[PDB]
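Engineer: Residue strings, one per chain:
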Amino acid sequence: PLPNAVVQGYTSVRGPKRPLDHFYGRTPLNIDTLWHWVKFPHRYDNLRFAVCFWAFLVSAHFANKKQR
Amino acid sequence: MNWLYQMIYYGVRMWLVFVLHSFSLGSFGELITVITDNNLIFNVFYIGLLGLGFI
Ligand SMILES: CCCCCCCCCCCCO[C@@H]1O[C@H](CO)[C@@H](O[C@H]2O[C@H](CO)[C@@H](O)[C@H](O)[C@H]2O)[C@H](O)[C@H]1O
Ligand SMILES: COCCOCCOCCOc1ccc(C(C)(C)CC(C)(C)C)cc1
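If you read the protein sequences in the order shown, they are chains A and B.
Just so we're aligned: the first sequence equals residues 274 to 341 in the working numbering.
Just so we're aligned: the second sequence equals residues 12 to 66 in the working numbering.
These aren't lab readings, by the way, just hints derived from the structure by calculation.
It is possible that part of the hints are untrue.
[What the hints assert, rightly or not] Derived, one-sided and incomplete: chain A residues facing chain B with beta-carbon distance under 10 Å:
| # | residue |
| --- | --- |
| 1 | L275 |
| 2 | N277 |
| 3 | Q281 |
| 4 | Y283 |
| 5 | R287 |
| 6 | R291 |
| 7 | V331 |
| 8 | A333 |
| 9 | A336 |
Just so it is clear, CB atoms sit at the ideal spot from N, CA and C, and this is done for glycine as well.
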């Protein structure tokens, strides 16, 4: 279906690929290495519960007053 | 005859007591519900689910 050149990636000679840099002494920085810096929110979860309650309540209050 | 009078009097007293106290309590409750339904910041179990009921 396809010639061997397309599969192996070269017609005659296999060219050397420059390897990937590492940046010794620190973590890799890639699109997939970002969870090292940004975990899921874990610090303000209970504050999230409180603020969700208060937001619901205040919205309901002002909406009911407006409607009435 | 005063035995009959006292019987009638205390029957009427118990009737009035039960009826009037139930009506007054329900009326205060309904007024509170009117205050809180129009202000949903207060339409919450503000005293507690069992506290008010137990009291
Ligand atoms: C099957 C019925 C008949 C139809 C046959 C043709 C079907 C073609 C559709 C499939 C195409 C697949 O296409 C595929 O693309 C990749 C790209 O990642 C090529 O990949 C090639 O190039 C990359 C760089 O680009 C080289 O590093 C690699 O070594 C080399 O394989 C594959 O050689 C090719 O096979
Ligand atoms: C809208 O999205 C914003 C995109 O921009 C992201 C900004 O990123 C800058 C982050 O800045 C830093 C720099 C260093 C760090 C350190 C190295 C201090 C984090 C550490 C110690 C956890 C590795 C953290 C954040």
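Engineer: Next, verify each hint and record whether it holds.
Structural biologist: Hint check results:
The interface hint given for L275 (chain A) is violated, since its Cβ lies 69 Å from the closest Cβ of chain B, which is over the 10 Å cut-off. A distance limit of 10 Å between C-beta atoms decides the matter here; for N277 (chain A) the minimum to chain B is near 74 Å, and the interface restraint is violated. The beta carbon of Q281 (chain A) comes no nearer than 71 Å to any beta carbon in chain B, farther than 10 Å, and the hint placing it at the interface is violated. Look at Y283 (chain A): its Cβ only gets to about 72 Å from chain B, farther than 10 Å, so that hint breaks.
Here the hint on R287 (chain A) is broken, as its CB sits about 73 Å from the closest CB of chain B, past 10 Å. This hint is violated: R291 (chain A) has a C-beta 65 Å from the nearest C-beta of chain B, more than the 10 Å allowed. The restraint placing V331 (chain A) at the interface with chain B holds, with a minimum CB-CB distance near 7 Å, inside the 10 Å limit. The interface hint given for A333 (chain A) holds, since its Cβ lies 5 Å from the closest Cβ of chain B, which is under the 10 Å cut-off.
Checking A336 (chain A) against chain B: minimum C-beta separation of about 8 Å stays under 10 Å; hint holds.
Going through the hint list in order, the structure does not satisfy hints 1, 2, 3, 4, 5 and 6.
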